[PDB]
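Removed from the display is one protein chain of the complex; every other protein chain stays in position.
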Amino acid sequence: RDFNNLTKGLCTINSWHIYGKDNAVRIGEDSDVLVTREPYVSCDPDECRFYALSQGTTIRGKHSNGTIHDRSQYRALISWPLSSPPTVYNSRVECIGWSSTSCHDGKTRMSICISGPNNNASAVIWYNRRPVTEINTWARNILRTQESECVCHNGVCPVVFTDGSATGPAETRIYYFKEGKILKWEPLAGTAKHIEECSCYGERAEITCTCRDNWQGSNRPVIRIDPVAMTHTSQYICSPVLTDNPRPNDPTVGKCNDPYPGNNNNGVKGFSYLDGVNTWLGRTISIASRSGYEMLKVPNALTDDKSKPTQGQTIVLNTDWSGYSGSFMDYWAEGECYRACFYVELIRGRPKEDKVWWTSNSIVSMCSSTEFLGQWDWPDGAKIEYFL
Amino acid sequence: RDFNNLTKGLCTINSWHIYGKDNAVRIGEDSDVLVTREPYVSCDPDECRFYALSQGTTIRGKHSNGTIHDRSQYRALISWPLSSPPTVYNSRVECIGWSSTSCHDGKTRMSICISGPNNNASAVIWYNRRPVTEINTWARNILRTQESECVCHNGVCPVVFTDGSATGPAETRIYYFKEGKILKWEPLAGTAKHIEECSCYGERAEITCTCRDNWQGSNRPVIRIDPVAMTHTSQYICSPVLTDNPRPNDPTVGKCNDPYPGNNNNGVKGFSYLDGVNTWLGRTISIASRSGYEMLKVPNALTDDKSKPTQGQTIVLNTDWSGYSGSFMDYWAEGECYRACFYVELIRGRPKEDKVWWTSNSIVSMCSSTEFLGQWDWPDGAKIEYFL
Amino acid sequence: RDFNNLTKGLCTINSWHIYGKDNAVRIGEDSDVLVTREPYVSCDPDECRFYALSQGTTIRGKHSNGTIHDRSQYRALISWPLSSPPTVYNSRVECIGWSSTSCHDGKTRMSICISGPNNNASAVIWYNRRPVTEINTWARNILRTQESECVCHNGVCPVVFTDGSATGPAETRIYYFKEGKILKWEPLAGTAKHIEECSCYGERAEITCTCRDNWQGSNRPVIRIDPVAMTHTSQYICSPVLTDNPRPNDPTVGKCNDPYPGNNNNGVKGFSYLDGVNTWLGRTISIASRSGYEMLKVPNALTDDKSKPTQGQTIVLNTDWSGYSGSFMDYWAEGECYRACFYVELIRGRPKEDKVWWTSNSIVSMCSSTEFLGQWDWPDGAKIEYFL
Partner (left out) sequence: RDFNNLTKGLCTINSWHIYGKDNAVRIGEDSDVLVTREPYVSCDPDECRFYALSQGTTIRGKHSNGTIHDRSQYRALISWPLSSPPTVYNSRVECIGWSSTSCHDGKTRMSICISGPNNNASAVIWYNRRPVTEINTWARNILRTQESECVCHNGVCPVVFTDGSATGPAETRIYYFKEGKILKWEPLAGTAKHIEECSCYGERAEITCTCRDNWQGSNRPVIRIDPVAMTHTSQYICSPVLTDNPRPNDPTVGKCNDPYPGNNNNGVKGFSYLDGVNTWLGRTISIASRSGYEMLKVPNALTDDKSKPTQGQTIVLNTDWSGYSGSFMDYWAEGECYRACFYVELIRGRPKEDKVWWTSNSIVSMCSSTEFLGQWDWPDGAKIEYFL
């Protein structure tokens, strides 16, 4: 086993095909399914798995009451087989905490969980299923990380962390890990003014992350990382196709180097694939809430402040709930190019559906096709009324 | 690991012995068993497994209400250990969709799931548990495939798909796959006038499929495929022993090159083994409904339009429900010949048993014996009244 | 991997230590535990497992009603990890039927299940988890076999079957299998007048089985088998310490070559270790019912028609239910001798406890010690009243 290297480009994305779906809320209506949120997908060389933050109770369990809260001592990063639900009996605990990331470097897996109180959180970096490095909070304000997979190149796996205000300037750092040890870290550079929850992918020896400016931006910040030099910059997606949520209506011209204004102090984790004409952006269909989800092909979105969609695909109808969304690729598939993939978290329960006392989610995930495939929509599918 | 080659003939079939049975509806009365239908069996070189289409809910779960429907976003091909039930906790998802096939080529497994709306369905072809090829609907009318295992020879695994009307001419294609990639495809040839749900087996470098003419035929169409030349023809089973359902009474003479008339627009998936005097046909015992199941030895059924049974074996009594039935063989068993096997789906719930709001099934499977074994009957065994 | 050979003698048995216990009825009061009976234990070279006949329903399930019956289409030989309970989710199906045996030959496992109606039963012999040989009923009267493990020597695994009356002369055969194929079979020889449910062990190239004379004997028949010559004889245990159940009071003198009279048409599966002075017999404590269980050291029991106990060990109190009991050894342990082991089935429910509608069991198993260990008793431990 050698470290994996990012030697391929992205396949041409002409549509999205179904990859995985776990139906966890439907099935967990009458089986021992854990309450989760903040899910993602990540591949090893011989298997791809679903990941999420457990809340340490099943959904039918009485302890599901109160699970709208983000951060407790009962949370852990869990993983489980692709498209199965996260059950008590099949879920494997990666580490303990309420913010995470995880990636395989070709030889073994690194998993990072942050736990603690808001003013005293710490990250523990696990490598080959043992704890190796720990990092203490630097700004004493909810140390937090990507909530989707990291990416490695020749052993170097950069990770984006943020510590500080959600509604003001914060202190974002890029840590470059290798075998779980810190090679280097840098403070955020470039023009992004606030960073959270970066969604990353790797192609041709470069790692691109699409993040959430929680403070001011409804355009998404982008961090581009060179994992060999161990350097980065940041900017925003130029495109007037705005992809955060909540957000104002789309203008005609976006902003490349500043937050696009109109909504403050709020947002959602999301992603994009930024590859010249082969660029696809994800977003909720609603400008106001986490409902619906679409993919739009927006040629040169990253660099063209007037780019608009040339194609699209509905993933979730606007009459169905969505949530966080994020990128991953199977870096160990055969063939000449990396096939872009993503998941969407389908959040159920509170706050939008408050007749139940819980919040949970299921997962749908697609990967790209070079065909122009017909679309379906992929909702969570559970009837909240069955839980009453 | 080399690609497997079909180098043996069928063993002499003198009776059928019990192979597997999961009792899923009985057990799922009080355990976390998934609602399924469209089951089958398929072997790898070191294990044989049960397969089916999940409905993405357990049977006791409230979401089992409505599961008579064939096609939703909550379905997936799952597999699980032989004769265990498909539970939440032991079932492995192969791919997402509501029509499937799957086979191992000696090196690894190919699995194909079709999903989408009726006018916009697509097939995703997985190989070694990754998506490799996608195929879009060509007639915009419920693209669909075998619902039982495919067969490979030297890496080439043909698969029969149909897109178009269930009650009229449709567009059937034979795709020849290798490592998940399309080597070739051909439109249906020969005299079969409508094809659905082919049940296939392989012997001496030839693949024989027994299919369902949904439009006109109560005799079954047969497709014979040369996986080296990558060519095929089709005809019908000549025999007056008619094997679709519903069907008219058996005549005295069948038809070789046309549908045998008497029932329109309906049928059920079934199979046969067509091997000269060693020929056995499966069918429901009832001409009117999916009840009962028998095997009949009908020497030269394929080519003799007056052949009648010379032996038989009851599998399921006419007072018990049956359903789809299909062929598979363990191509990696030791010994001089391939032992024919089959399963019967035992459908419970709607529409015949409408005091419950669900539809599900369990599975019974037999393989052939060179002995003349005593027969038992093998019903589903659940009491519907326990579910009330 | 070579075939295992029986090259060691029995270790000196000076007491019995606890080996395994699954508590299945206790735990299955509130978890998805299958209804079983006819359990046993058998080792592979790298693992020892519990085996039993499932009834194809959980114990809390409504289908547990009626499970006092011995033979249905819903039964299967299952195995599961040592001292775990047989659950829906962890139990592996070996084959389908309502009478079984199973043993590992050093290279792989042979499992035999008999199914069918009383007048038309057949055995299917599985080897390396595939069906290899089938055998049809020869006397049309409930073809049946050991219900505990077989034993192999250099690939040859003899198995004792009986077909015919339970209350009269029957036709017992010894089949000698190798890789699942029949090398030879012989009709029962020697002085045993009726044989059922043989409990076997192997030492120094000879296999000894202790069986149940259901028709006349309260002393147990014994079959001694030479697996190299493929020959056998039979006699009874001479000892006046009578070990079947129900049974008369112990006399002073037993019988070597005839059934010891006093009880007709009834009995229970049991076992012994017959090794000169190192001989230990198992039996229920009650002469009238399956309650209690003890081991007695009865020097030369096999050949001495006046032998009485020189030591003993209570396994289950007379105020607790027992059931079938049987022998196995770990033939792949390190060391100079084979350590004798046994299990006792602890039957709960009907017919003795008829406030519940089911019958099931749990398992306790001990192996011998060369120390003189203190004894405990090992009851099932469940409160029937919790199930009301």
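The first chain written gets the first letter, and so on, giving A, B and C; residue counts start at 1 in each chain.
FYI, a residue touches a chain if its C-beta (ideal position, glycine included) is under 8 Å from a C-beta of that chain, and two chains touch if they have at least 3 such contacts.
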- In the full complex, the chain left out is in contact with A, C
- Touching the left-out chain: which of A:15, A:42, A:58 or A:148? A:58
- Touch assignment to the omitted chain, from A:18, A:27 or A:76, lands on A:76
- Message: For the chain left out of this view, which of A:15, A:91, A:218 or A:278 touches it?
- Response: A:91
- Which one touches the absent chain: C:5, C:72 or C:84? C:84
- Message: Need a quick check: the contact residues on chain C for the chain that isn't drawn.
- Response: 17-21, 23, 26-27, 29-33, 47-48, 81-85, 87, 89-90, 330, 333-335, 339, 367, 369, 371-379, 381-383, 386
- Message: Counting contacts across the full complex, list the positions on chain A that touch the omitted chain.
- Response: 32, 34, 56-58, 60-63, 72-74, 76, 88-89, 91-93, 95-97, 113, 115-117, 119-122, 124, 129-132, 134-137
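Rule of thumb we're sticking to: only the chains that are shown with their structure count from here on.
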- Draw the chains as dots and join the ones that touch; what shape do you get: line, ring, star, complete or other? line
- Item | Length of the line joining the C-alpha centres of chain A and chain C, rounded to whole Å | 57
- Note on the structure: Cα centre of chain A to Cα centre of chain B, whole Å, reads 40
- Note on the structure: Multi-chain touching residues of chain B, meaning two or more other chains, are 32, 89
